[PDB]
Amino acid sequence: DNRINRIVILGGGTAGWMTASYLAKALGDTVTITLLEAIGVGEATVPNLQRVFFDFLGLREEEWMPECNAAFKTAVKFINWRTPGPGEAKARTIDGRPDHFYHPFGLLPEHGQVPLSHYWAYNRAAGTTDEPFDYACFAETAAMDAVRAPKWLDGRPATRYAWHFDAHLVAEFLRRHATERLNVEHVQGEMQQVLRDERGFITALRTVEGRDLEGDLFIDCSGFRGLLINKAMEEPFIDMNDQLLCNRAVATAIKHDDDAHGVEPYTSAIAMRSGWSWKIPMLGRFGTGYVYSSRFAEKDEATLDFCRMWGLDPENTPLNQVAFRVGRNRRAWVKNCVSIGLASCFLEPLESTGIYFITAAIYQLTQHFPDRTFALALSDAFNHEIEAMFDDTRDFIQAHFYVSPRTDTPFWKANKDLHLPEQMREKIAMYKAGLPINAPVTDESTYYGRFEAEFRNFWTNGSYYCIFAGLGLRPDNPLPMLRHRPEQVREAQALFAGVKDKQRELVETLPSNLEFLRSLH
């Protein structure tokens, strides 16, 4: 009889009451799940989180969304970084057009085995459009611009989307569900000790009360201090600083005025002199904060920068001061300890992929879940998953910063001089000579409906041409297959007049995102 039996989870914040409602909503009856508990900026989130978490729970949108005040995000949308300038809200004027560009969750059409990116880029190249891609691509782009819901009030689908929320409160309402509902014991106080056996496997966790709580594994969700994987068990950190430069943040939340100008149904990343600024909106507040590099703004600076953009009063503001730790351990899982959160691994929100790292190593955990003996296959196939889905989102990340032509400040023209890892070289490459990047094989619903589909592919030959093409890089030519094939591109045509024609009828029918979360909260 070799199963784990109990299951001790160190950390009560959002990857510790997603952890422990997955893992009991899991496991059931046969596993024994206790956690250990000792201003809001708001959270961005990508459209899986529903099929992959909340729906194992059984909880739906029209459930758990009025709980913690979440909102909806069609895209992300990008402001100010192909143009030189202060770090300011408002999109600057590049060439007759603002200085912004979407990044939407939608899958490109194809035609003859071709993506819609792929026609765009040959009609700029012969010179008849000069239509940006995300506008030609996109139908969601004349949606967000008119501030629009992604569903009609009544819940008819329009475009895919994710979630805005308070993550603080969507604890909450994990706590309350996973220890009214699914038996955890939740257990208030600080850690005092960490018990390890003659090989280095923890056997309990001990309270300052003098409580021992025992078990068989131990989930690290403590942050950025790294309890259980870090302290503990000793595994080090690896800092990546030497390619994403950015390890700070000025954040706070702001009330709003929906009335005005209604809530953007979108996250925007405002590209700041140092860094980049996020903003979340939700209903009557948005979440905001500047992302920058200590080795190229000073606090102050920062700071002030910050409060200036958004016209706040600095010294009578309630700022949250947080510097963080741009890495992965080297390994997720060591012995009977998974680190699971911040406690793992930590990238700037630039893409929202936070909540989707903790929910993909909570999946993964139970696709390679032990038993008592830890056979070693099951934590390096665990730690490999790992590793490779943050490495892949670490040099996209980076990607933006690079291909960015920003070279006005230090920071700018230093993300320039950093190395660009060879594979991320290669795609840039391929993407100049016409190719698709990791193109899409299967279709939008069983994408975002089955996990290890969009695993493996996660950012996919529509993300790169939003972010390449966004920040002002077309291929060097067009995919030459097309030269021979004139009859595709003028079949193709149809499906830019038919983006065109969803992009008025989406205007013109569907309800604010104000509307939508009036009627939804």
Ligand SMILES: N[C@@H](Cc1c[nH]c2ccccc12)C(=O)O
The other form holds:
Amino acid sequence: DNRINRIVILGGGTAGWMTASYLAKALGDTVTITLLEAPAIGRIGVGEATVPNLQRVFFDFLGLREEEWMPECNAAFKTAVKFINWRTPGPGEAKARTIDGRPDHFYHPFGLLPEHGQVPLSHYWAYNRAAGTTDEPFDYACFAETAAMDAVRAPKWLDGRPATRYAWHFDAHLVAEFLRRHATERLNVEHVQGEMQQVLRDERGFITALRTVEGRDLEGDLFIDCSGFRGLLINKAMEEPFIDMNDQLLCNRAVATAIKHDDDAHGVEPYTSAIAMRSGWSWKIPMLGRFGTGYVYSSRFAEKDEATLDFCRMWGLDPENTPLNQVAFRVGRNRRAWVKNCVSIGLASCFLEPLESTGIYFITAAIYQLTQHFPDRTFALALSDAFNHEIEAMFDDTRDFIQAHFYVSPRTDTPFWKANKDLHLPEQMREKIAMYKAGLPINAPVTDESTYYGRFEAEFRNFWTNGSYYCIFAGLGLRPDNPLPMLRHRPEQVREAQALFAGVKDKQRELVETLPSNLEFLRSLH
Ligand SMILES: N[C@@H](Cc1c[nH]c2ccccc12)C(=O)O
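What I would like now is the form solved in complex with ligand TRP, since the data block earlier showed the form solved without ligand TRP; can you produce it?
Every component of the complex follows; first up is the chain already shown.
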């Protein structure tokens, strides 16, 4: 009899309660689950963005429909990330500057690009730009979602009819609270209030119990560290080193707040914005009646007061009379996410600036992979080693992807933007950029959207597809040196492919003209 009987989780934020809920649903009565609150510092709800797999991987597993959980956490919709002013110099401002007679913005939507002759639509767009017969931006040519988002449409018709692939904006504290109620009332997880006095270990350094300040020993076989940047178990108790990656991603601070919004004026933007600043970038996460916003910056390039004032100036806030969250970031990951019988999940495990909304996703993936590699009490090394490799490969892949946004940006007008070009580029990303310039697809999707979004593992093995690389590279002004050479041998395939551009144009009109506003759906939902 070697199976796990007791699990103890340290930390009661988003990571803690997502972990408690999922594992309790997965294991049922076979395991007792106990979560020790370890109270975190109370922050303004500054918003959080997600990716589509959240519903299928997580909420569907718990049996919770969006119609049920979204009203409980004031959730709203995300169709893309909108990048503002990453090509033009200037101050940190909310509005896009003008470049070549167009606003300086580009979108990074979800979903997979359609293909013709098994070549992605991106390559036909590149061919037409090279041929000089179009001057249309990549995102407006290849995604119908762009038109929807400019007209601030919902991603669905009011009666549930799907239109476009989407994810969510919400206040993470409300979600944690909703999940806490769910896990304790429905999944028989025991919530224990208070601080951890000490962590009890045996002769082999495995954890045997968490001792609470009232002297109670929370005994277990497996321990999940969800204590955030503190890493109270994985870093402090187990002495696992954290690998600082601030050398590669310079931003390490944020100043943030939530701002009340009059939605009747201009609606609710169904996308997360990432607004380029003098020494970093600011997020905007719109929900009904209010949006969350924060300036992510690098302390090597801006003073605290500088950032704070720039942030407030952009939103027209009085810096003296505005509640602000001032946060220092831990950028990087543990050498290993799982050590002995301690598994770190969430900020305890790793962190990147939220440029592409990876936070909740990293938790979800960690949770999912923990169940895929779930141990018994022998704790076979091959299980944790495999888990650690998947977590490491996931993190480093996205870290490199994020770095590319700053490296490929043409901006050089401040020391921050200029310093990004001086940073070492990882060999794998150097290769990707050279492939892209030669006209090759990068990580082309080989399945349809139904398979990709249907099976988590299909997406996990191909998370940043060709579409995403084109969104960012073409978005930032980088195009291939020449189109895919094989296309010059297939003119008939090229002539045929143009109908797909006509289809996107048709969808763009249809969506704008018949979809309800994001605002209207949110009011019907809430
Ligand atoms: N695998 C993700 C990739 C992705 C596309 N667009 C994004 C925008 C933000 C974050 C991730 C993404 C998805 O298709 O959903």
